[PDB]
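Some chains have been omitted; the remaining ones sit where they do in the full complex.
Just so it is clear, A, B and C label the chains in written order, and each chain counts residues from 1 on its own.
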Amino acid sequence: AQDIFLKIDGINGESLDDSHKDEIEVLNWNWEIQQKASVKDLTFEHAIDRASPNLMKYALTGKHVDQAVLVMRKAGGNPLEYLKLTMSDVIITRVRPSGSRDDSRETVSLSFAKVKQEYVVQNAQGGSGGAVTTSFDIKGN
Amino acid sequence: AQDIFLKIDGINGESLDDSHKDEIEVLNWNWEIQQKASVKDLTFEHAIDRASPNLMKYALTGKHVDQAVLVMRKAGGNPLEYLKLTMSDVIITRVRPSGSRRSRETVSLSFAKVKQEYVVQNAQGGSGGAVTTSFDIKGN
Amino acid sequence: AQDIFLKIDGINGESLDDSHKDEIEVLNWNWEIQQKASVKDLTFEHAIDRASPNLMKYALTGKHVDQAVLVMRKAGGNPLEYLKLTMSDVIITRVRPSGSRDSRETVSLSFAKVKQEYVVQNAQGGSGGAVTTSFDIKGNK
């Protein structure tokens, strides 16, 4: 079971991880690009936490945040952050809180003007291999 | 298994909880906001109870109620009300009773103002930090 | 398992219950109201019985019946009728018979006046407080 973190400027979570403290722990996420081209909002799901009141306020006001960084880290004895997705000029577009009394999550969508993706290859020893990075200015084409 | 309560002005439930007596016990609920922005009605599910006849009449008449407060509280030995969703100028918009040979009912709420309060729980199960945000939807 | 009954004027069932004889035994039912406001038809599901031929004929002809009363009663040693849904000026709008070799029927009801009665049950299983509301759907009252 891997760990996924999301660092949004001005909106802190309650992650107790040493390397990603006060960040949002993301249970799952998805993104889509379709054909210039159409970039869909990045949707992630997290439990209702410290960031939930601020996420609703930003969604209603529509205020921009400087940057949002999504990180996925391998589990086990090789904690490699193999994927890092950096989003610049992020807008909160959708928040869906929910809850039940039988064992609460929240679905949030992010829209951004710039995106950078970094991937790290893991070798047999579990360390870092080669890093591939691509960037694009969605707003500026 | 946590406990969820909803306190609507003028519409009492039949909760036997000491601190939330005569409130609606909510089995599950959901809410959504989409992009100024569109605020969807808050939907909650509760068993058919004392509040059901008044919920139908308010839905049909469309009369406004002053406030509706949604509260979630943890279970176990640390009963912390970690989420409080306060809604002002609430309208009953949808009621969906159902039954089978237990019976539940789905109700939707529309409001002009919303306030959310979240309480962080520490390692001892007590209260940590409270984060509150407010927004007036009607007046933008 | 609880017992659900539906009394329709001129359309008798085959229930053998002493207090609810010749009524329609309802396996399940649902109703919906949406926003003046749009009142949806009340849908109930029952096995094909004596009322089925008359329900089809009324649906085709569209003739109004005087009153339809929906009652739910708890099981066990406390047979309390905790929900009574009285509908006036009832029209049969949908009939869906079905059958399988390895049978039930779905019927929808439209009405101009609705009244709901709920009874709270105490710790002894007896009657507590009764809450009743009424509305004239066609007359907008």
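Basically, a residue touches a chain if its C-beta (ideal position, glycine included) is under 8 Å from a C-beta of that chain, and two chains touch if they have at least 3 such contacts.
Displayed in place are 3 chains, all sharing one sequence; the entire complex defined by the structure file totals 6 copies.
Quick note on the criterion: only the chains that are shown with their structure count from here on.
Centre-to-centre, using mean CA coordinates, chain B is 29 Å away from chain C. Chain A and chain C, compared by their mean Cα positions, are separated by 50 Å. Residue positions of chain A touching 2 or more other chains: none.
By the touch criterion stated above, chain C contacts chain B in their complex at residues 1-4, 25-37, 39, 72, 83, 114, 116-118, 120, 129, 131-135, 137.
In the complex of the two chains, the chain A residues touching chain B come out as 14, 48-50, 52-54, 56-57, 59-62, 91, 93-104, 111.
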